[PDB]
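What follows is the residue order along each chain.
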Amino acid sequence: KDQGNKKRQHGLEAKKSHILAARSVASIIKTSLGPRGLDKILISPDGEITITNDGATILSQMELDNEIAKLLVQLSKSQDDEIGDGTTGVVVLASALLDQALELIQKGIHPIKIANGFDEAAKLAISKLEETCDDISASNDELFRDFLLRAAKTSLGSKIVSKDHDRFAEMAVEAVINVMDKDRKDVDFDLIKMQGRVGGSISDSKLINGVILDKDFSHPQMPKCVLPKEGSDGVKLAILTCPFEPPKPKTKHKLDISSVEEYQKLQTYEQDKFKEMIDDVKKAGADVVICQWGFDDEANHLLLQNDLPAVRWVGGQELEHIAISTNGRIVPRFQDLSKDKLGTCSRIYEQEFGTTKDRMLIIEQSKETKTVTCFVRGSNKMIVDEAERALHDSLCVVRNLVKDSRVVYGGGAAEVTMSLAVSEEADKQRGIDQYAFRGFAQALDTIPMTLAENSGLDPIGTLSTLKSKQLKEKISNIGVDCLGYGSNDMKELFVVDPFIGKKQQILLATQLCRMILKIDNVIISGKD
Amino acid sequence: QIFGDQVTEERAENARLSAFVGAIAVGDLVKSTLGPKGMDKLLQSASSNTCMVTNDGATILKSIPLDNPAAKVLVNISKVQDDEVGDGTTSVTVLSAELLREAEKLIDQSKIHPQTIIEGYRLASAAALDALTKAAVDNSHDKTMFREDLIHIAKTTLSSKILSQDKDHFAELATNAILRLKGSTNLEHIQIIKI
Amino acid sequence: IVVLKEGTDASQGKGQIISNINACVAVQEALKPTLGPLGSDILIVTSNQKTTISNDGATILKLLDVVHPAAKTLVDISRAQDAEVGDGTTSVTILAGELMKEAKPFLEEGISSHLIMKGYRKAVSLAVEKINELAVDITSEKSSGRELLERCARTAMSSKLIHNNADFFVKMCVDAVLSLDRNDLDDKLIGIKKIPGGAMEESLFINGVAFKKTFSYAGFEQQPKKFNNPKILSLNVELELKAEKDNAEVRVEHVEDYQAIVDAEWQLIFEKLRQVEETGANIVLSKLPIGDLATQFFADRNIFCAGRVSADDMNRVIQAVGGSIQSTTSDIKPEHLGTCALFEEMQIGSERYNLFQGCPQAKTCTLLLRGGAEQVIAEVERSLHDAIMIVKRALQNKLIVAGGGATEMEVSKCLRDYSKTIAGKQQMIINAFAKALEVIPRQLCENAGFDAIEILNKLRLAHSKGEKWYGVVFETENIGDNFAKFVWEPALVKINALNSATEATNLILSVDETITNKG
Amino acid sequence: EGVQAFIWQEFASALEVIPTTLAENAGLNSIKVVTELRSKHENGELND
Amino acid sequence: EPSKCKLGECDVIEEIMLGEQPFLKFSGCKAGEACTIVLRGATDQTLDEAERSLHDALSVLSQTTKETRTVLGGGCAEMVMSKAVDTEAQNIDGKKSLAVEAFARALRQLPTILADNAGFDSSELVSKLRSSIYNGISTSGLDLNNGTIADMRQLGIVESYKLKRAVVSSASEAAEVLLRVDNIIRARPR
Amino acid sequence: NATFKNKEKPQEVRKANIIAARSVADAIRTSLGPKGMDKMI
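Protein chains in written order, with the authors' numbering: chain A, 33 to 560; chain B, 4 to 198; chain C, 10 to 528; chain D, 433 to 480; chain E, 331 to 520; chain F, 8 to 48.
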């Protein structure tokens with residue numbers, strides 16, 4: 033079926049078209065690469081308006097019919113969960129490998145040889161980069177606190193955060209450590225909640241150790257704060273998976289009212305069930321009741337008399353994060369409540385944020401929890417979304433810094449050291465793979481040349497200068513200047529990149545470059 | 004076909020022209036209307052009998068539909084200027100078009116990095132704001148009467164507020180919290196201690 | 010009014026066969042890069058806008074939506090290749106297409122399709138007779154049911170730390186799949202339990218299931234450790250008297266009230282103790298511990314009971330005895346029982362272990378490995394697992410041939426010699442079928458990076474001189490013997506490929522004029 | 433150093449067109465013979 | 331690096347006590363200009379409502395300081411800034427020499443366009459205005475009524491200083507986004 | 008970034024002469040060596 037409007041490619045054709053398809057998307061993100069790049073205006077189909085240079089956001093919004101560039105979106109989707117800040121770095125590096133792969137094809141080298149050529153060249157560059165790598169925790173402990181603050185400052189320097197960055201730098205460090213273990217080194221993005229609302233400024237943003245739920249405490253007369261009640265155990269909260277209402281059988285569901293007699297009785301029976309369901313909360317000692325469904329008007333009447341605030345319309349996913357952070361349990365029925373199954377937190381209070389009419393709640397905890405909600409304030413909706421994703425980028429950089437204590441010096445010095453080491457070892461490796469190793473070293477030179485063009489420097493002159501400083505003088509890390517400074521040697525500036533982060537970039541770039549070479553044919557069906 | 008659903012990316016050659024010549028054409032609408040002696044513009048709709056003639060810069064820019072995606076950026080800049088003060092929207096768009104007009108010469112026959120051009124303005128605008136400070140005058144003259152006029156205005160601001168209990172002491176604290184600064188009046192220079 | 014073909018004319022004559030040949034080449038050239046494990050992948054975009062990338066020959070051909078009617082036969086035989094066999098889905102279409110390409114010059118010369126079909130059908134008949142000579146299936150000839158599978162599994166296990174002891178280790182891999190029904194072969198039933206301490210070569214293979222000693226309580230050395238036909242019972246929770254977890258809060262103001270709930274729990278278990286007595290189960294196994302109340306009662310009745318057995322072992326207990334799992338201890342029923350031939354407790358590893366041995370009803374075995382460290386044994390478990398999975402598919406199909414162009418070139422070489430003794434037009438037709446077999450090793454070398462021009466001449470030179478088993482090495486490019494390297498392929502794949510590809514090719518050519526309606 | 437340093441690399445790659453063409457016009461494998469020259473000329477000098 | 335930084339200092343650090351809590355009172359800060367208003371209430375309601383109402387009173391008093399403060403208009407301030415930018419264009423690095431000079435050109439185009447709608451010759455008036463302020467006479471400006479150059483202090487033509495700072499700041503923010511553009515992403519229609 | 012645009016293109020005219028010059032070298036390329044291919048003129 034669908035014979036017409038069917039595209040078919042062959043070996044002698046698609047191999048040239050697959051390279052041109054990658055160079056089109058690559059040249060688009062070369063202008064936004066680096067702190068001197070371009071912030072692009074993007075509007076999601078859901079109505080969110082924001083301006084950012086992040087490649088993971090830009091490439092995700094790209095909808096195109098080129099099948100080679102679709103593989104760039106598939107890799108960035110998997111990389112966004114691992115890192116998310118290396119989208120612009122991998123695509124340009126992968127395109128540099130494809131540009132060198134096309135040259136090897138013209139020399140008579142099969143594309144499967146290029147896949148194995150870059151694979152052995154990537155593994156060789158990992159060992160060379162690890163030998164020149166430096167460690168933090170084994171060196172200086174106080175610089176470890178300074179490295180985490182200044183690494184986020186690099187990502188927060190291109191945003192309005194740069195004025196208040198001092199506070200958000202500490203908020204990004206604590207948010208990552210809370211959701212992870214030092215030995216396990218496992219950080220999940222679902223454990224850190226990123227939220228923000230309009231109003232206030234960025235200097236008023238607070239770091240919360242628990243959920244948010246966006247609740248006003250239902251009826252306004254209910255108290256906006258919850259006390260420990262004379263040295264109790266934490267603050268007990270009730271989690272209910274059943275709505276608040278008189279129970280009805282599943283066999284009938286029908287209620288017959290013959291006259292005012294049965295009408296007045298049924299009206300009192302529904303109120304008697306309201307008194308029986310609230311007593312189970314009092315017997316368990318739960319201060320606030322959290323339910324998935326709304327409450328009636330009579331419900332807020334009995335909860336107000338007993339000073340028991342209410343929570344309405346909580347999603348199923350939010351109920352899981354409450355029991356984990358507060359060390360609670362999920363109680364299916366009403367009568368199964370008890371002090372052991374109630375979530376225990378440090379305190380519960382309603383903190384009014386600026387002039388915003390939301391008036392949400394804040395549930396914190398003294399001990400380390402598995403759930404952290406980062407809340408950001410700003411005078412405009414675009415400012416909130418800009419500072420939110422900028423803080424999220426700082427969470428991803430610190431995530432890789434604590435994942436591997438060893439880090440490499442960035443700013444272009446990492447790609448030059450990896451290129452000079454493979455190029456020297458390329459002559460020692462004979463055979464057909466010798467050109468595959470030389471082309472891999474030339475492909476690594478695209479990253480510092482791209483950063484040099486965006487910084488206003490000669491890409492050839494600066495790259496050749498850095499190679500002479502790392503050879504004739506001594507072996508060290510001196511990169512191109514991304515941000516304004518007096519001179520070279522970013523190592524003096526203490527600009528570091530995570531070794532596990534940079535290694536993850538070169539592996540995904542090689543894994544995708546091989547997969548692109550493993551597709552010589554494109555079959556696209558038409559529209560019936 | 005990248006993007007889609009009316010979203011598209013301009014060519015690097017056309018984007019520089021759309022951000023410069025396209026922005027000048029938008030600034031050309033308010034160019035001849037700048038000043039009290041400025042000219043007028045015509046806004047005509049499909050019905051053609053609903054039209055009007057006005058010199059307002061904020062009315063002409065917002066009424067005319069702009070298909071240029073770079074022109075929508077100047078609309079957001081006009082909204083930022085309108086938030087500060089309701090006057091001067093025309094002068095900002097015209098001055099921004101003059102900076103972009105020379106920017107075309109700052110690229111083609113110059114070869115200067117665009118971020119360095121902005122840093123060149125940041126150093127030039129800093130000297131421009133300093134030149135306005137040295138030549139700044141004031142109607143504050145007869146400050147002896149002006150210093151007395153401030154304590155009476157502070158008393159009017161205390162109306163309906165619980166501070167109305169004593170007007171003389173609290174208005175003196177607010178008056179001395181400003182004139183004694185001899186500098187920026189922002190609240191960052193005034194610390195509040197609640198006890 | 011009603012039109013069947015919707016007014017679509019179709020040409021006839023010799024040009025219709027040419028249109029069928031070009032359709033087979035278009036399908037072939039797409040599947041050429043997908044032949045081999047290192048071959049290229051095809052990207053297909055369906056009208057649903059779902060982009061998938063896979064090397065499976067069956068998944069690709071279903072998403073292409075081929076309108077050509079004669080090319081649908083290549084897709085139909087590919088779906089049957091993945092169903093009845095599962096291997097060679099891509100190679101059967103390429104072979105049928107290359108055989109179609111070799112018949113293209115036969116049409117230009119005027120050779121009718123009748124002798125073309127009879128020339129290939131005779132070549133396949135001579136090929137199957139040669140494959141049976143090339144395929145080596147041996148049982149009682151210079152081998153046994155073990156050593157045959159032990160040799161092929163030793164080379165893949167060679168060049169490892171266990172290579173010195175590999176003689177004793179390879180015997181336990183073949184005995185693992187032979188201890189269970191040969192009709193159903195699973196790689197999850199060979200699961201190995203590690204025993205810390207001891208020499209590596211002292212490991213013993215067990216036909217049944219084994220587990221450690223969970224007994225920390227006094228009263229051992231009472232129940233008899235050797236049974237004739239013990240009845241094995243499987244349990245889950247709520248067996249012993251005092252519950253280890255999930256207790257209850259009971260407040261009593263009197264001593265007699267405290268002794269009442271103890272005697273109440275005693276009577277509930279005592280009725281369950283006699284339930285096993287009336288059932289006649291000599292073996293009691295559960296995932297929860299067993300208190301002293303059940304141990305003392307089962308000791309006088311000569312009933313063995315062991316608690317706290319891991320869930321991984323209990324899964325092998327059920328399939329070994331041929332019984333079923335019971336949820337509670339009140340519902341115990343006799344049909345869940347099973348029996349082995351022997352029961353004993355071994356001191357192997359300086360730790361006493363209770364295990365079943367020599368069970369004819371066992372559908373799964375358990376291997377016990379010994380070593381100086383548990384991390385070393387874990388490397389042996391992964392090394393022995395790779396050897397069992399290779400002989401697993403070798404035990405299912407015991408008729409195998411030498412892969413890597415060995416068998417493919419030998420069939421082509423003999424058919425070229427058979428053509429010299431066959432006069433007539435079939436002489437040049439059989440030579441084309443032997444040449445059509447050259448595409449299988451070609452595309453394998455092209456997709457892997459090897460040069461198909463050099464490897465074709467170097468193989469034919471070495472294959473036609475001396476030993477006839479010389480294959481092609483998949484890793485390093487060179488001529489070699491795949492029969493020595495123990496690289497094998499099941500013969501039923503090549504037999505069904507030559508039958509399906511040649512028939513489908515002979516069918517398409519059997520029609521001079523094809524009229525196909527559209528709609 | 434600078435722009436000239438990149439030209440020395442391209443000038444060296446431009447000198448390999450003569451031996452590569454000799455391998456192509458003689459029927460020998462292009463990429464294979466050229467790599468055999470870089471391999472043998474490392475140990476020996478002008479001997480191959 | 332040691333001995334490289336911006337350091338502060340103060341003459342005396344004295345610890346006092348007010349409201350039964352220890353406080354710190356600094357004395358003699360270097361070039362210190364500031365104040366600290368200590369509000370002593372009887373409850374939290376008196377403290378919170380006073381701080382919000384005090385900032386509103388300080389905002390009205392600060393509004394009269396920043397506004398009603400004007401600068402010389404009629405092309406004067408636009409040309410006076412050009413002289414300072416040309417001074418910045420004097421000492422500058424290599425690549426920003428033309429970038430800074432281009433900013434002074436747009437400053438001279440503001441009185442040029444104002445003279446366009448007046449119906450006079452802008453090239454004659456702006457050129458003479460630049461040469462007049464360059465050497466002495468920094469108060470001169472363009473007179474649109476008589477079509478000549480006269481002193482702005484004598485004619486009484488002034489324009490707000492807050493308006494000048496708002497236009498220059500908005501022009502720098504608008505040029506910050508637009509000059510970085512190597513490509514334009516068209517917004518999604520709502 | 009933003010660099011010299013080169014509105015007039017004298018270099019693009021030279022690049023056309025380079026491609027025309029490389030086309031002559033491609034024809035002579037097949038004639039290199041004693042085993043080189045002959046050319047019919």
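Note that these hints are calculated values from the structure, not bench results. Beta carbons are placed, not taken as given, at the ideal position from N, Cα and C, and that holds for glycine. It is possible that part of the hints are untrue.
As the list claims (entries may be wrong) - Using 25 Å as the maximum straight-line C-alpha spacing, the simulated SDA-like pairs for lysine to any residue come out as follows:
1) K256/A with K254/C
2) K48/A with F6/B
3) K197/B with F356/E
4) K559/A with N526/C
5) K254/C with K38/A
6) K195/A with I193/B
7) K39/A with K254/C
To be verified - Some but not every residue of chain E turned toward chain B, in silico, with C-beta under 8 Å:
8) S333
9) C335
10) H385
11) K396
12) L428
13) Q439
14) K458
15) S500
query = Hey, does the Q439/E contact hint survive, CB to chain B under 8 Å?
reply = holds, 5 Å
key: Interface hint for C335/E, Cβ within 8 Å of any Cβ on chain B   = violated, 22 Å
key: chain B contact restraint for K396/E - C-beta distance below 8 Å   = Result: holds, 7 Å to nearest chain B Cβ.
query = Taking the least C-beta to C-beta distance, is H385/E closer than 8 Å to chain B?
reply = For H385/E, the interface hint holds, since the closest Cβ of chain B sits about 6 Å away, which is under 8 Å.
ask   = Is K254/C close enough to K38/A, meaning Cα to Cα at most 25 Å?
value = At roughly 66 Å apart (the allowed maximum being 25 Å), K38/A and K254/C break the hint.
inquiry  = Need the status of pair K559/A, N526/C: alpha-carbon distance at most 25 Å?
reply    = This hinted pair holds, its Cα atoms lying about 23 Å apart.
task = For the pair we were handed, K195/A and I193/B, check the Cα-Cα distance against 25 Å.
result = With Cα atoms ~19 Å apart, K195/A and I193/B stay inside 25 Å; holds.
25 Å Cα cutoff - pair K197/B, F356/E = Holds, at about 18 Å.
message = Does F6/B sit within 25 Å of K48/A, going by the straight-line distance between their CA atoms?
response = holds, 24 Å
query = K256/A and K254/C: Cα distance at most 25 Å?
reply = violated, 41 Å
query = Can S500/E be said to touch chain B, with a Cβ gap under 8 Å?
reply = Status holds, d = 5 Å.
inquiry  = Just to be careful: measuring from the Cβ of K458/E to every Cβ in chain B, is the smallest value less than 8 Å?
reply    = violated, 19 Å
Going down the numbered hints, you'll see the structure goes against 1, 5, 7, 8, 9 and 14, while the others check out.
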